[PDB]
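Taking the form deposited without 3-methyl-2-oxobutanoic acid, here's one chain by itself in structure tokens.
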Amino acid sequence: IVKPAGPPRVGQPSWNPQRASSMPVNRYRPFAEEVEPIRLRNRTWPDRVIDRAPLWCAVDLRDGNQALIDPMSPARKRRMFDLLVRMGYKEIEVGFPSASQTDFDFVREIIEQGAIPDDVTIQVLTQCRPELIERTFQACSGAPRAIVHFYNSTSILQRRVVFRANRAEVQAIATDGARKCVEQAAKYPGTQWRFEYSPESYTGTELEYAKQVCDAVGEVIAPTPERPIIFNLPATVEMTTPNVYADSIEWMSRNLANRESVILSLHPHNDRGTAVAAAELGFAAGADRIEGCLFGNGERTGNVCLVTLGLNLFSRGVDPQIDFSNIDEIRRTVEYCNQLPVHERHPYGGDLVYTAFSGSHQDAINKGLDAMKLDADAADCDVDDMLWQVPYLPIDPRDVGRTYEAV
């Protein structure tokens, strides 16, 4: 590590003695130049406070599992599915069955053994090739309902170096995929098929082009308000600040064709550590649905954490529609399934998150707790039912089955 020794910036205040590092910043461009500048005029998300739960989709079983050093065994997968069901999740990603025999086997097992509750819709991932799309539908044979999630990469970079293809050609991959899904659904009546499309690497894709591909896919699928389509907009790489994600989401929500037949879905990764914020801002921008994992498992920096998002609603008086009353049981099961720890400082579930080491903070917390008890008596009430008013502790640890520890 070499102490930066370059000169200060032109106009750097004299009280800031920081120096230029020799890091190769020239290999990297501001988001506006790497992709495009902000399309969004008259944004409204900064003025909208979340007042309801989104539709949650848990991707722990596929998008999560794919990220593991030690892949989930059949037993760990069933434990994860069971946990997700008991928590209250209604859409659950279960595999990439056309590319993974173990995914394929798991899908068959839950279908054939009657593991799927009537209000749960399994989700399967597929790429656009016709034979992979056929294998996806076959895996799901006998399912009473399923979401077939088809996708292809739309970014400026991937169009150039991966596909070596223009805009029309890349759009045709997606529309040809949708046409195949329509053909296959007709071949398999009696499963209620639902569709989800992602312009993968959406955050690296020009918005007008993202809207174009989605609109075209929608034309083929012909969704209706009663049989909507999911357009899921992934931050495949989280590329800039979460305000710009949210602006993009609002622009899409405002401008996509047939909007009232669209479930607008978010899938934010954490490359810049701001996945939760992108999700929360993006939800205020008009999204309908969020794809994440318990404790934010997923490749590299991971998926948006469903626990942090859920309890961020609860702690501001909004029902997440999910049972978080035993976070310890959630946490044990997750660590068992993923064979990877929940960090000590992880919001709501980490080892240290209901501890106070500071003496002043310990004093203040006791004042807060003693004053609540005093009020409980002066109202003839159970303190446990009263408005939580304790300095330093955003929630009563007992509402998630945890305990405050003065250390």
Given for the second form:
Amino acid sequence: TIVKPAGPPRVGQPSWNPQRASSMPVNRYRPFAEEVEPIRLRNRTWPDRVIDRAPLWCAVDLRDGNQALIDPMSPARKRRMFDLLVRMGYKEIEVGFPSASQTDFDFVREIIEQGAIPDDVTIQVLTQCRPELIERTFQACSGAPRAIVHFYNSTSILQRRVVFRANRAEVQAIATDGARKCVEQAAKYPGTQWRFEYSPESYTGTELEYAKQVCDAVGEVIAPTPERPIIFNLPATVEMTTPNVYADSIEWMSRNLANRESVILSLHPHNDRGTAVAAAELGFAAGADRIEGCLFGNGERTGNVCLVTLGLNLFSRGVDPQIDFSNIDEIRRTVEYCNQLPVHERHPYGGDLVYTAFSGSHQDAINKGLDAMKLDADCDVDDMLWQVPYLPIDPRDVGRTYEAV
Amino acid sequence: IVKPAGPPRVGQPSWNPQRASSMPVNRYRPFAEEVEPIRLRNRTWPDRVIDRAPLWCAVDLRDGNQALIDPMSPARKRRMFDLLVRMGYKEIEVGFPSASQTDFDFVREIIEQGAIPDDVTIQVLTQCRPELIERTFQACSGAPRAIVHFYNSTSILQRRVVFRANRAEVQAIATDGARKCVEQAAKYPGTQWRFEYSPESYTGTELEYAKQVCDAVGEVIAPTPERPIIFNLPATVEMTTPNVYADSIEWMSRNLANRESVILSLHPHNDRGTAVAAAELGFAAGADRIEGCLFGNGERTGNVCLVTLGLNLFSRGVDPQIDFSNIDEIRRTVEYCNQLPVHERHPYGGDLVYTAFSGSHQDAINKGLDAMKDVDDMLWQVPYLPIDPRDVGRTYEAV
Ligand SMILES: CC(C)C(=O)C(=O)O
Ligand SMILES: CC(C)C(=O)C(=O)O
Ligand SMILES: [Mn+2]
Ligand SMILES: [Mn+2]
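Next up, can you give the form solved in complex with 3-methyl-2-oxobutanoic acid of this protein, since the form deposited without 3-methyl-2-oxobutanoic acid came first?
Every chain and every other molecule in the complex is listed next, the one we just looked at coming first.
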């Protein structure tokens, strides 16, 4: 049942606020600062930087997406999703997890063997750090012109204790032993242009100086340069606190990571507090270079950050996302087809209801803007500055329509 | 769909093969130029961590309802009101009675049947034309207390294209409304009236001006610390990043006249997908009050989600002062009232948000649950599950 909070008000709670204390077991949860650590960052700059360029995108729909699904992608559905990501303009695509999943392996073999990989596309494959998984991962990419090997291990306070029952050095040695193995294997398969990504998985549960240490040591092995750089990918595996703190944490890593101009700083935010998009946009302003997510926000649990929202959030403020969202219906249809999961009615940009006005006063206001833009134009209306109340973008700019209803 | 084939940007790294799309970005301008740059010096919100629940106002019966494909029946409206009351909300916007007969009908019914608990204050939306204000007051006849929420659009775009009207002229709309509100209140003693003013399209409005109109509306209403006014600053359209919203909110809280007779309330829509962030950063900015909906119903992309805001407090150890202990029940009732599903991936309530499919995550949660072993009272320490699903009446599902 649902029962009205009737506990005392807080000390200092103003008289005009009649809310009462719930019976929820708040004692079981700690503020982020105590669960992990306080914010390290001094003199942040991200609040003063407006994004004026698109980042490097990496679409993880085929891995992080696929793995969160109720109904796994068939070989047909993965090809279909690969082709969409390719046609949209994406250049780095995590095509799966071939050491752990025989159908992923099957998938990678297939796109390489059939010459499905375009010349400007770099496939990305996920692996854990154990040696024979790294080997399997290299065998799966055999024949590939280029590939990102993404190796990872969990570094969080919580996971060092209850999963690995291990200390800092040992947890770092896993990553570094993982980098050695990667370097060994890449020399065993010349031809392929091998590139690396390292994630301290559960980063947002990891102490920053410790995240920096592990990354730097991974860096030492790999020996990236400004022409052949490494990716350090900082996931909010669980989105653990507000977006500003994630950004602060990104700004700290970007200032502080060793060999910074040989590093591609990548964001990988999940949406557990509903703020994955904000985490990304602020973390990009904080100095990241790259963002991993999924079309329409598919991905474990609450999902990966939404590639469509981020892309169009740039477009609608005058920045070219470098991805084609001209026909958002088509993107959505393929997405829903691949994942077997609807895009919500109220999803930003693609949801069924997002260019709908039911309010009489909003329909009238939309009519005033649309009628006004005609005047100024009589150049060509479809080319003028968009100026319509309640319609952030011209719906025809993403192939949709405004409906008064 | 057409692969972007334009050139790279000047100075684009060689490791980024991305090409310019053919999308008409020249039609859109940065927020700084579309409205105004950031007015806020020495912001403080980035260093403040929320340590108490805001005053919640649910707008499901008004901003939510008007967004629906299928309008709430009288029964579904009662259901929603009851859910809101039962969860512990204390201010509920019940409709737009002056311009909607079924709204008007709903208001009469909750008042006449005694469906409002004494700690609950109903809210009614009205525009500024004087016959609409009169009608709003008539709808509330017999209520022991009510918030009359009047509003008018204040944005640069709306001043120009809708009102064909200047600053001064648009503020007199608000202040003439405030004056009418004071006349009407005097005409109906026996209800304790309180006021809310929103410069509608606030995020498309210069700040100096939004403060001007608010201060002016406030001077007429003459609020006090005991009888304070609500100034509600909506992101009618979520127009930029949530930091800038938070900034704008901080500047208004810092600079609004008679600040301790004010309840600064937030009203974020979700057009950029950052409503929850706008609210949270806006609250740290020193707002006092948030309007939203359960599960983020509302115009277009929705109001900010009251469920997400609430449980985001709980899961970091702040009592939201709202019972979310049966999220399935809250969800069932919302889906029924709205005729519109909570997404599978909606925070806290979605079908899949406590599912681990991948084996490593499954192993890891089992390490966590096993280490943990009264367990239900210990600190929740499990990888990949932000909360114990049972604290919201759900279960963890290994599949
Ligand atoms: C595999 C890792 C990078 C991941 O998906 C996450 O941590 O969110
Ligand atoms: C009525 C107003 C306050 C509103 O809902 C909005 O601005 O979104
Ligand atoms: Mn992930
Ligand atoms: Mn609204």
